[PDB]
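Asker: Here are the chains, one letter per residue:
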Amino acid sequence: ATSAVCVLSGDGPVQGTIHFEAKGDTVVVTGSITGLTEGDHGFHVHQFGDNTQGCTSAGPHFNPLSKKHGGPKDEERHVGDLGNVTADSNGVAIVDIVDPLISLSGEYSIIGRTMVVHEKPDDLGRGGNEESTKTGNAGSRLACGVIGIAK
Amino acid sequence: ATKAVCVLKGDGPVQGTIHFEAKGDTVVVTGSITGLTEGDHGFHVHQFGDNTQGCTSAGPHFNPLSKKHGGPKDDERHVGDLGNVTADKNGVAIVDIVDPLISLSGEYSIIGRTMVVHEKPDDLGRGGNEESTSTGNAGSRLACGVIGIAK
Ligand SMILES: [Cu+2]
Ligand SMILES: [Cu+2]
Ligand SMILES: [Cu+2]
Ligand SMILES: [Zn+2]
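Chains as they are written, first to last, in the authors' numbering: chain A, 1 to 151; chain B, 1 to 151.
Any given hint might turn out to be false.
[Said to hold, decoys possible] Far from chain A, some chain B residues (derived; all Cβ distances over 10 Å):
{"id": "1", "residue": "10"}
{"id": "2", "residue": "50"}
{"id": "3", "residue": "91"}
{"id": "4", "residue": "95"}
[Stated by the list, open to error] Cut-off 20 Å, straight-line C-alpha distance, at most; resulting in silico cross-link-like pairs (EDC-like, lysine to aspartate or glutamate):
{"id": "5", "chain 1": "B", "residue 1": "9", "chain 2": "A", "residue 2": "11"}
{"id": "6", "chain 1": "B", "residue 1": "73", "chain 2": "B", "residue 2": "96"}
{"id": "7", "chain 1": "B", "residue 1": "151", "chain 2": "A", "residue 2": "40"}
{"id": "8", "chain 1": "B", "residue 1": "3", "chain 2": "A", "residue 2": "107"}
{"id": "9", "chain 1": "A", "residue 1": "120", "chain 2": "A", "residue 2": "40"}
{"id": "10", "chain 1": "A", "residue 1": "151", "chain 2": "B", "residue 2": "107"}
[Unchecked claim] Label-pair distances were calculated between CB atoms; the ranges are:
{"id": "11", "chain 1": "A", "residue 1": "76", "chain 2": "B", "residue 2": "75", "range": "48 to 58 Å"}
{"id": "12", "chain 1": "A", "residue 1": "3", "chain 2": "B", "residue 2": "1", "range": "41 to 51 Å"}
{"id": "13", "chain 1": "A", "residue 1": "73", "chain 2": "B", "residue 2": "134", "range": "42 to 52 Å"}
Just so you know, these hints were derived from the structure itself, not from any lab.
Each residue gets a CB set at the ideal place from its N, CA and C atoms; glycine is no exception.
With the sequences and hints as input, model every part of the structure.
Answerer: Next up, the structure:
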């Protein structure tokens with residue numbers, strides 16, 4: 001596919017629509033997320049597109065190369081590590097990311113996987129503790145959705 | 001990849017969980033759907049995994065070979081034509097299908113697409129009007145979900 005979409009929903013008020021478009025050897029990720037607390041919120045692709053137990057069954061970060069967690073500009077990061085989105089005072093986060101590791105086809109394809117927006121900021125693997133190098137200390141999963149093929 | 005799952009939801013009481021597993025050279029579809037009216041209900045793979053407008057944005061039946069609608073055992077059918085599921089008096093439908101045209105990888109892959117359960121029976125392209133050749137006269141989309149990768 002050349003284009004994909006994901007609608008984020010959860011048990012709280014957070015919701016959003018994320019769009020993905022292949023451009024060159026990158027994916028451009030755009031959209032908006034509402035109902036967030038102002039500030040940064042971790043934003044990752046998780047491994048499974050399984051919503052049978054809400055966002056908990058999505059599993060860990062998508063990591064086909066078996067690396068530690070990092071920020072999107074790091075050499076050592078999960079494929080699913082897209083850093084943070086920032087919500088304003090009204091709870092609105094505008095998403096505008098360009099990433100060369102995620103793909104919409106082939107081995108690193110994210111189609112059929114899950115996008116998750118988290119409770120806290122992602123510390124980008126520089127938190128100093130062990131959880132930092134697994135999840136970035138981003139905490140709970142506020143909302144999630146399976147990434148589907150779009151027109 | 002080898003296993004997929006879809007959680008069906010809508011605006012009504014209809015809900016369900018569908019599992020997909022590549023066994024040998026075919027795909028086995030199993031699960032159950034609840035909240036249905038007794039009788040047959042059309043059960044199809046629609047093209048887009050886009051739920052921004054509920055099940056409406058899923059588009060038409062997945063049809064890479066550009067054929068008319070039919071039943072699962074016909075030569076002339078859409079790839080997404082999985083026939084009907086049958087609900088008992090309690091509104092429960094058990095899904096147990098083996099299909100040769102769908103896949104979980106490659107050109108026929110349904111990963112990232114949408115599973116839909118419809119309001120009425122699918123007439124299998126035999127109703128005699130133009131609509132029969134598109135949707136089987138299966139009617140409204142009661143519940144749907146995006147098909148994601150499972151563990
Ligand atoms: Cu995460
Ligand atoms: Cu990570
Ligand atoms: Cu249909
Ligand atoms: Zn059809």
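Asker: For each hint, tell me whether it holds in the structure or not.
Answerer: Status of each hint after checking the structure:
no.: 1; hint: 10; in the structure: holds (13 Å)
no.: 2; hint: 50; in the structure: violated (5 Å)
no.: 3; hint: 91; in the structure: holds (20 Å)
no.: 4; hint: 95; in the structure: holds (15 Å)
no.: 5; hint: 9/B with 11/A; in the structure: holds (14 Å)
no.: 6; hint: 73/B with 96/B; in the structure: holds (15 Å)
no.: 7; hint: 151/B with 40/A; in the structure: violated (30 Å)
no.: 8; hint: 3/B with 107/A; in the structure: holds (16 Å)
no.: 9; hint: 120/A with 40/A; in the structure: holds (7 Å)
no.: 10; hint: 151/A with 107/B; in the structure: holds (16 Å)
no.: 11; hint: 76/A with 75/B: 48 to 58 Å; in the structure: holds (52 Å)
no.: 12; hint: 3/A with 1/B: 41 to 51 Å; in the structure: violated (21 Å)
no.: 13; hint: 73/A with 134/B: 42 to 52 Å; in the structure: holds (48 Å)
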